[PDB]
Amino acid sequence: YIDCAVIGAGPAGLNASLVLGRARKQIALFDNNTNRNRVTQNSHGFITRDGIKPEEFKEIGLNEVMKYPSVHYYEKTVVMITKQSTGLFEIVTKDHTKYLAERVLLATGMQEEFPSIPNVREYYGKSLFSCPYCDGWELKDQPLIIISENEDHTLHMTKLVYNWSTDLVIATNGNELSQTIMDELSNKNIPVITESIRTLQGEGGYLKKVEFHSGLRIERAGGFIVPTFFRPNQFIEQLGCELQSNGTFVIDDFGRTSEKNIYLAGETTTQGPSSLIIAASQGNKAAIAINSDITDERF
Amino acid sequence: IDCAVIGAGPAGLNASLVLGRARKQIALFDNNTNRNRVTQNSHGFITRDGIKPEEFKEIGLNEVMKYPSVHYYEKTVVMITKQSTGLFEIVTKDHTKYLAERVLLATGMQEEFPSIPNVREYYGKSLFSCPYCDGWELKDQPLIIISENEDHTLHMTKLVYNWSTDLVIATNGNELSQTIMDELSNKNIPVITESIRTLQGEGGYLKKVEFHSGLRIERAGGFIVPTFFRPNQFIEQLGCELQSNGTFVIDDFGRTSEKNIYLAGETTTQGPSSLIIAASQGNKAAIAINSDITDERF
Ligand SMILES: Cc1cc2nc3c(=O)[nH]c(=O)nc-3n(C[C@H](O)[C@H](O)[C@H](O)COP(=O)(O)OP(=O)(O)OC[C@H]3O[C@@H](n4cnc5c(N)ncnc54)[C@H](O)[C@@H]3O)c2cc1C
Ligand SMILES: Cc1cc2nc3c(=O)[nH]c(=O)nc-3n(C[C@H](O)[C@H](O)[C@H](O)COP(=O)(O)OP(=O)(O)OC[C@H]3O[C@@H](n4cnc5c(N)ncnc54)[C@H](O)[C@@H]3O)c2cc1C
Ligand SMILES: [Mg+2]
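So the protein lines, in turn, are chains A and B. The end of the first sequence is residue 301 by the deposited numbering, with every number in the run present. The end of the second sequence is residue 301 by the deposited numbering, with every number in the run present.
No lab work stands behind these hints, which were simulated from the structure alone. Where a beta carbon is used, it is the ideal one built from N, C-alpha and C, also for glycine. Hints are supplied without guarantee of correctness; some may be wrong.
The calculated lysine-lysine pairs, modelled on DSS-like cross-linking and capped at a C-alpha distance of 27 angstroms, are [unchecked claim]:
hint, chain 1, residue 1, chain 2, residue 2
1, B, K142, A, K161
2, B, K69, A, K142
3, A, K262, B, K161
4, B, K69, A, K69
5, B, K128, A, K69
6, B, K262, A, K69
7, A, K55, B, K69
8, B, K161, A, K69
9, B, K55, A, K55
10, A, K128, B, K128
11, B, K78, B, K262
12, B, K55, A, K161
Quick list of the computed label-pair ranges, beta carbon to beta carbon [as the list claims (entries may be wrong)]:
hint, chain 1, residue 1, chain 2, residue 2, range
13, A, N65, B, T168, 28 to 38 angstroms
14, A, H155, B, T88, 47 to 57 angstroms
15, B, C133, A, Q236, 32 to 42 angstroms
16, B, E58, A, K128, 46 to 56 angstroms
17, B, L90, A, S188, 31 to 41 angstroms
Far from chain A by the CB rule (all over 12 angstroms, computed), these chain B residues [said to hold, decoys possible]:
hint, residue
18, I4
19, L20
20, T42
21, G89
22, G127
23, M184
24, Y208
25, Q236
26, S276
27, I279
Start from the sequences, fold in the hints, and give me the full structure.
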């Protein structure tokens with residue numbers, strides 16, 4: 003049997019699979035290479051891996067995991083997860099292959115939803131980013147833009163971005179910004195454009211200029227976009243996990259949900275962005291809850 | 004110096020890593036007294052599973068040295084005192100003195116062991132403390148669980164049982180409760196309550212356990228339940244207030260009652276965790292530090 007089916011081979015699923023593999027549990031690990039950070043050149047902030055390529059990380063971790071004879075890997079798109087009348091969960095893939103598991107750990111991460119700006123996806127990962135703690139250093143002291151539609155995000159995002167560069171233009175892309183926020187930014191020599199963006203310029207995802215609807219053109223080298231995130235799958239929904247009084251689907255600090263034998267690790271947990279090292283840690287944590295839960299019922 | 008980081012374990016390393024990328028001025032201290040230095044390998048840290056403790060520490064420093072705003076000092080930190088300014092004064096063993104706006108403590112934890120002769124020679128080699136870290140390498144072996152306190156024995160037994168079923172519990176002269184004792188009898192796990200006289204086996208590799216009465220048993224290794232303590236009194240020199248969780252921490256980012264004082268690594272939960280978990284608590288701590296600075300500087 004499968005003790006735990008781990009859906010997702012990012013830092014979360016991988017580190018969860020590593021600990022569970024070392025704990026002699028039968029693990030089915032699933033990945034389909036739709037991880038959101040594959041659109042970026044490098045990755046930083048993961049100690050001892052500061053500067054590694056996102057596909058190299060994936061590969062090194064995937065191989066450590068496969069040292070352990072009980073962890074089995076499937077490069078397959080999981081499309082359905084269903085609690086049977088037998089208690090087991092049935093994992094089904096794109097190629098109609100079926101897997102039965104006593105436990106499921108969802109570590110599928112999330113996906114970016116972008117501001118209604120044309121051509122934005124080409125720039126995302128080369129010259130436009132979403133986390134300054136991750137990609138600020140490489141952009142430091144350059145003429146930057148912040149694209150932020152929702153107001154309450156803009157102010158915080160700006161103050162943070164200002165750590166890496168004091169040369170900022172905020173662009174709301176067609177949304178109002180309180181006189182409050184406008185005056186505070188402008189008091190820092192930071193201008194604000196409330197016009198909708200019509201165009202980005204610069205070959206191959208590398209920003210040069212931004213053209214607004216009015217016709218105005220400024221000269222930015224890159225910067226930061228605030229996306230909204232969604233889950234690419236509807237697995238939490240399929241399995242009936244309840245949303246909690248804290249806005250999340252998780253019930254303790256170990257990835258346990260409202261549904262017995264369903265667990266979460268990584269960005270699927272908080273439904274907001276973190277980092278590789280945090281996700282890995284949450285994988286380690288879920289592994290501890292899963293092994294603990296199995297131990298309790300079997301001993 | 005925006006933040007003095009005390010401790011270059013995975014916590015301090017990852018904290019300094021993020022702060023060096025946040026263009027903050029960092030002083031990072033470490034006196035090479037990490038508890039895990041007695042073990043020969045580390046596991047469970049993704050991409051780094053199997054690495055020597057030293058190699059891990061080396062690679063990290065080399066990585067944090069990449070960022071000009073961060074400078075590393077291999078001194079022992081003796082005193083951390085506040086000042087009339089609101090800053091913090093940091094004094095080392097060689098009496099050198101350091102000033103810094105904010106303080107991050109990531110000095111990990113130390114272990115106290117049960118009163119058994121020479122027990123420290125086997126720890127790291129054939130005696131261990133966490134089944135998640137070292138169970139794999141010990142699977143299906145003749146193991147002993149040394150646990151003086153009732154309240155910890157059962158948990159440690161159920162857990163270690165994942166890796167081997169050939170177990171012996173040794174309470175080292177301490178009483179085990181009737182209820183717990185019957186729970187173990189059912190799973191065929193023998194319990195010796197007699198005092199342990201000597202541990203035998205050369206070069207830190209356990210062979211035999213001899214009890215007070217004369218009984219010698221064959222065992223190849225196993226687990227001890229240590230009490231944990233803080234090596235320094237820094238938290239206490241800085242007057243952080245103990246929350247009702249049993250922790251000097253007010254949130255998930257290492258913040259405390261004492262403004263400008265942050266915590267990461269094993270010093271946070273004041274209980275064992277892992278390389279990868281501490282490391283991420285460094286990250287979280289960094290974020291919090293930069294977020295509180297940005298708030299005040301804007
Ligand atoms: C442009 C960019 C740059 C970044 N840079 C950094 C950085 O420098 N440092 C840093 O620490 N973080 C960075 N991040 C964020 C980092 O990538 C994430 O925080 C981290 O990957 C989250 O870990 P995770 O394991 O939760 O999710 P992921 O790593 O996203 O893993 C999710 C996995 O689930 C799999 N999956 C999803 N659905 C299915 C399905 N139906 N079937 C099978 N498999 C499925 C995907 O293949 C993916 O592998 C960056 C992100 C972006 C977008
Ligand atoms: C035998 C053993 C085996 C283990 N195996 C594993 C394993 O395989 N995988 C795993 O994930 N975890 C393992 N661990 C646990 C792991 O080592 C710890 O969980 C982790 O290192 C603690 O993180 P930390 O950074 O908070 O503390 P540490 O890494 O211990 O960092 C504390 C640092 O603070 C420094 N320090 C403290 N006070 C001062 C001072 N006054 N001045 C200067 N420097 C100071 C010390 O030099 C030390 O380097 C093991 C632990 C032990 C004991
Ligand atoms: Mg990058």
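Each hint tested on the structure:
At most 27 angstroms may separate the alpha-carbon atoms for a hinted pair to count; B/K142 and A/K161 exceed this at roughly 52 angstroms. Taken as a hint, the B/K69 and A/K142 pair is honoured in the structure, with Cα atoms around 15 angstroms apart against an allowance of 27 angstroms. A threshold of 27 angstroms between alpha carbons decides the hint, and for A/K262 with B/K161 the separation of about 21 angstroms falls inside it, so the pair holds. A hinted pair counts as satisfied when its Cα atoms are at most 27 angstroms apart, and B/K69 with A/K69 does not qualify at roughly 32 angstroms.
At most 27 angstroms may separate the alpha-carbon atoms for a hinted pair to count; B/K128 and A/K69 meet this at roughly 22 angstroms. Between B/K262 and A/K69 the alpha-carbon distance is near 46 angstroms, which puts this suggested pair outside the 27 angstroms criterion. A distance of roughly 17 angstroms separates the Cα atoms of A/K55 and B/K69; the hinted pair therefore holds under the 27 angstroms criterion. Of the pairs offered as hints, the one joining B/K161 and A/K69 holds, with about 25 angstroms between alpha carbons and a cut-off of 27 angstroms not exceeded.
About 23 angstroms separates the Cα atoms of B/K55 and A/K55, which keeps this hinted pair within 27 angstroms; it holds. At roughly 47 angstroms between alpha-carbon atoms, A/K128 and B/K128 are farther apart than 27 angstroms, so this suggested pair is violated. With a C-alpha separation of about 26 angstroms, the suggested pairing of B/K78 with B/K262 holds against the 27 angstroms cut-off. Between B/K55 and A/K161 the CA atoms are separated by roughly 40 angstroms; this puts the pair beyond 27 angstroms, and the hint is violated.
At roughly 30 angstroms, the beta-carbon separation of A/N65 and B/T168 lies within the given 28 to 38 angstroms, and the hint holds. Taking 47 to 57 angstroms as the suggested C-beta distance range, the pair A/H155 and B/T88 does not conform, at roughly 35 angstroms. For the hinted restraint 32 to 42 angstroms between B/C133 and A/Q236, the CB-CB distance of approximately 37 angstroms keeps it satisfied. Between B/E58 and A/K128 the C-beta distance comes to about 34 angstroms, which lies outside the given range of 46 to 56 angstroms.
Distance hint check: the CB atoms of B/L90 and A/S188 are about 33 angstroms apart, consistent with the given range 31 to 41 angstroms. For B/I4, the requirement that its beta carbon stay farther than 12 angstroms from each beta carbon of chain A is met, with the minimum near 17 angstroms. A Cβ of chain A approaches the Cβ of B/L20 within 12 angstroms, the least distance being about 5 angstroms, so the stated non-interface status is violated. For B/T42, the condition that its CB be more than 12 angstroms from all CB atoms of chain A holds, with the nearest at approximately 15 angstroms.
Chain A leaves B/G89 outside its interface by the beta-carbon criterion, the shortest separation being 22 angstroms against a cut-off of 12 angstroms. The claim that B/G127 lies off the interface holds: its Cβ sits roughly 18 angstroms from the closest Cβ of chain A, which is beyond the 12 angstroms cut-off. The beta carbon of B/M184 sits about 16 angstroms from the closest Cβ of chain A, which is more than 12 angstroms, so the claim that it is off the interface holds. Every C-beta of chain A lies more than 12 angstroms from that of B/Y208, the closest at about 21 angstroms, which supports listing it as non-interface.
Taking the minimum C-beta to C-beta distance to chain A, about 28 angstroms, the non-interface status of B/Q236 holds against the 12 angstroms cut. Taking the minimum C-beta to C-beta distance to chain A, about 9 angstroms, the non-interface status of B/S276 is violated against the 12 angstroms cut. The non-interface label for B/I279 is inconsistent with chain A: the shortest C-beta to C-beta separation is roughly 5 angstroms, within 12 angstroms.
Violated hints, in rising order: 1, 4, 6, 10, 12, 14, 16, 19, 26 and 27; the structure is consistent with all others.
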